[PDB]
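Only one chain is given next, in structure tokens, and it is the form deposited without the named molecule.
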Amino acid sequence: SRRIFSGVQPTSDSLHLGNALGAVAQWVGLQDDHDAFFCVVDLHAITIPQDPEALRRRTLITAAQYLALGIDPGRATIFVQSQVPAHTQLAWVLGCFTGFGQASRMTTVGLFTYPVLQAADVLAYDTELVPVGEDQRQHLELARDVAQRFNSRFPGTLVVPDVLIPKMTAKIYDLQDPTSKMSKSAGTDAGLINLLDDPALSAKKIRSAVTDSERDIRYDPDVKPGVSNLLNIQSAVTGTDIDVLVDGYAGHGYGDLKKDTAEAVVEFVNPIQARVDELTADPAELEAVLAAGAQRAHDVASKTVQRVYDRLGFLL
């Protein structure tokens, strides 16, 4: 069954290249031979104030981007976190097995406890493997630790998930500060590429990318971060290996690298936007997928909850 689980918060109008190439692309590669649950984690979004109309719209558009990036509702389950009560039930239980300092080392209560709800999200589905960036790994180790601690009291109750770190070419960096992960956290969106942004706008950002002064196209993330990061992106978006690109770039300057990467990104995001636009305009397809997904997610997660509750001694 090789069950996997992952998700993204519906906190903006668009995923960026970090999400698409460093998470969803991994999901797409897994869904053929793994039983996959892909979640829009709206409960996590409200740890900061959310506009209600935008929250609902972004929930749908995050799911739509999953489909547009190749997530296949005939092979995977896509669902909205808040529609499955078991997430919060398990999160309460898991919080009772999570040390306070353990969570402090990870402000409102929700901001403090959301790693525990993240653990719940995964453990609720008997998840065997979780694709995650090496920088959001520490949250998963908490999930693994709490699961092991619960299982030591109550043997065999929870699956302890393995961490799936993507290839290093899945790490995408900010184009204006390429020592930093591409993140919505950036000052401006000048170094960030949103999937659903005007493709010409994103191309301009790529042409503007900070490089170095060596004028040597060579992959070395910690000596040439901007040059290396541009190589990551072009490879990940076209499929061409970094070897083939670097060899085809001997003698070339950085201008050639920027133009090519921009063009490849443009050809990447254009079909995505077409699919999202159709899923937004005709929303019955998406809502059917999310409804089927919630029903199947509920069927799995509620049994996990009943098993956990049974072991704790709750009256059923």
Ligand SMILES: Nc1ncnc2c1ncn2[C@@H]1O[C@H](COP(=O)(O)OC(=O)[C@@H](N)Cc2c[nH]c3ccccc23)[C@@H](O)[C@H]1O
Contents of the next structure:
2 protein chains.
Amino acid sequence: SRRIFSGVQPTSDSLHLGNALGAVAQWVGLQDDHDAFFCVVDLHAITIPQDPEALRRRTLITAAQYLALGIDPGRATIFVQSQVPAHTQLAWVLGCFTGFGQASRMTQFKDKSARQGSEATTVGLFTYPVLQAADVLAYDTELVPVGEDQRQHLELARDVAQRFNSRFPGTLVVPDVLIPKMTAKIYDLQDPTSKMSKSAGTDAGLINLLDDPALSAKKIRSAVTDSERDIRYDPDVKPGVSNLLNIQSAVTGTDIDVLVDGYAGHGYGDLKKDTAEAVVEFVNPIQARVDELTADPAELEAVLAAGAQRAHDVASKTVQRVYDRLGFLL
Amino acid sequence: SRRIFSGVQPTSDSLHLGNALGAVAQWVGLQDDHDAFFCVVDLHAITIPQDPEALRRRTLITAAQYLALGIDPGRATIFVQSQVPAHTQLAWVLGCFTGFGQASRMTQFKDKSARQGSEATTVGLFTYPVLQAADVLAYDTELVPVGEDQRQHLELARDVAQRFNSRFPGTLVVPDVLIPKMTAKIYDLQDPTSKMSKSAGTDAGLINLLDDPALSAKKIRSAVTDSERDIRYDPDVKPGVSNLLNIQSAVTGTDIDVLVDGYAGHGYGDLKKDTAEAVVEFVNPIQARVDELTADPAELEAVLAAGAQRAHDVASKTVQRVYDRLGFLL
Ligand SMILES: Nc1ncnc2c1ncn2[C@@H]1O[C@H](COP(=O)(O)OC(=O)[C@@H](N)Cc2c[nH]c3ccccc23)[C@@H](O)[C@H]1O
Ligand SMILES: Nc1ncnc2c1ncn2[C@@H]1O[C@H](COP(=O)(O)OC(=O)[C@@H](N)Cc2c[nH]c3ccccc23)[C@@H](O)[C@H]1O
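Could the form solved in complex with the named molecule be given as well, to go with the form deposited without the named molecule?
Below, the chain from earlier opens the complete complex, with every other chain and molecule after it.
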């Protein structure tokens, strides 16, 4: 109990600082006293066309980064979404309890639709949050740790679970949403008002965990700041400075107000230099672990096989409970 | 091979003459030389709210009517849609290859949306044809026998299969659509220009297989005809007369032109009387078999268990083929 669920799409060869600090860092803090299911969501990945060889490789490398970021397979369950049929079974049912207008109002859908273009927009891009709701509800999940960009989808998940329970009392757990304050949004280093994301345009403002560390350090030294020459935490008026403090605090464990106090009299050169140095120290051990998990794959394959078995054992019972309440012949 | 697939929704306590003559009659003719999968589609049924006790009972009674209409479990596979997870797995994938505009243009969606009302319209009503495409493609289906009302959905299924195969050559079988000419649409007896359907308003023009036969005979004697006093086959100008000839021909096996020739000099009283008598002879053996399958349920439960096992063995391999082509970790 204190059951928790969270997922990441295997859409690129590396997670970025947004994923690591907005999500996985909180997962690591929760796994020792929460029963945790961490998922690589390859079914969601194909809502955009994906190269098959890359998709398989990136599924593994995403799970590898979980382990390398501190996720403990002795304490948590790591598995691949497509390997547990219950997700799509529950997604079908929950679609029958999701409003069409409700789904069309999701920001992601609109943004994603704009990038793909219309009549090229597919049903899967539209039903995305219904499958996401199924991912969570299948495990009787009590809490979902994510970044801010996932909030609207999880509010749909809660709404749909409540609507289902309205007709079938007590069937699904309504999950609580757990979104950290400081790292809810890590921002792009070149446009500190946009969240760090792979669809940025160029990756000059994007910090990939597995990129050459000297390259990430360069990007950080080039981060956009302001003209004030005052290191002070204020996301609204000082986006780039605040984001750098956020990042350095998150990867070092030093509170911001302590960093800010310790930065009195310093310029932005030292803020960027120190943040770059802290990030390099952060990613070097991650990369070492990921390299070994990739070169010696049997360990990670055993973890995913074990995780799929345990995820199937839990999620299939949820489906049978839901199917029984609906009145399906069993 | 000559693999065939078809389904009926368990949405009422009885099939009607449309279902029996537009679909199941052709199934019976195909099953001896075609490898056939006949499905009770309970996942589709819940795209509209369903009473659970009724839904379970009607799932059984729909499968019972298959057997009572002549479907042979020694030659064909009968099973319940929800009992085979592969259907929802493939539905998710096919949604990723279905256009949003494409789905919104389905007539059923629009009609069904109009009856349910908007913002009360759900995602499942919208994704209905994607799951229907999955039902068919999961079994490498070569031919699909249905009535005319299913044509537009199966053209989507073919379009989506072709689009998928475009990226992943040779993965899915593109099915042919098999829609009979004479019984493509059985029309309501009180409004012979509308197809016989449960959403008619009143059931005075609807012939349920399992209704009291004297009641169905009454409805037929009250069928709307015309003022011509000439028994002649012409669906466009003589809808009610043509529909009655269609029905009597289909349940007796007598060709229409032979019935029409034999009706020279007769009025519509004899057309309705004879059609009512033929329908009573048609439904009485069906009802006898359905009553026994309901009172002694172990036989039908064994048929559905066997069918689900065989359907799972086939459809799960299709899913694994599709998953492999997409590049999912297996
Ligand atoms: N710049 C950023 N700052 C802060 N946090 C960020 C940033 N970018 C990403 N995140 C967080 O990282 C996690 C994974 O993001 P994805 O885009 O893979 O995230 C996604 O695409 C989801 N649909 C995956 C998903 C599928 N099913 C689920 C069930 C529960 C939770 C999540 C899921 C997320 O927590 C996200 O909030
Ligand atoms: N008045 C009529 N005249 C002639 N034929 C008719 C009439 N009314 C119904 N039919 C036919 O009966 C079958 C079942 O209809 P449903 O409404 O259950 O049919 C439905 O609701 C489908 N979505 C079920 C389905 C789900 N998956 C599938 C895959 C293949 C084929 C069918 C399906 C159909 O063949 C239908 O054309």
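Throughout, rigid core stands for the largest set of C-alpha atoms superposing within 1.5 Å between the two forms. Numbering follows the first chain given and starts at 1.
- Candidate set 170, 196, 159, 86; criterion, C-alpha shift of 2 Å or more between the two forms after rigid-core fit; matching residue, 170.
- Its Cα shifted by 1.8 Å, residue 133 is compared between the two forms on a rigid core fit.
- Per-residue C-alpha deviation between the two forms, core superposed: residue 290, 0.2 Å.
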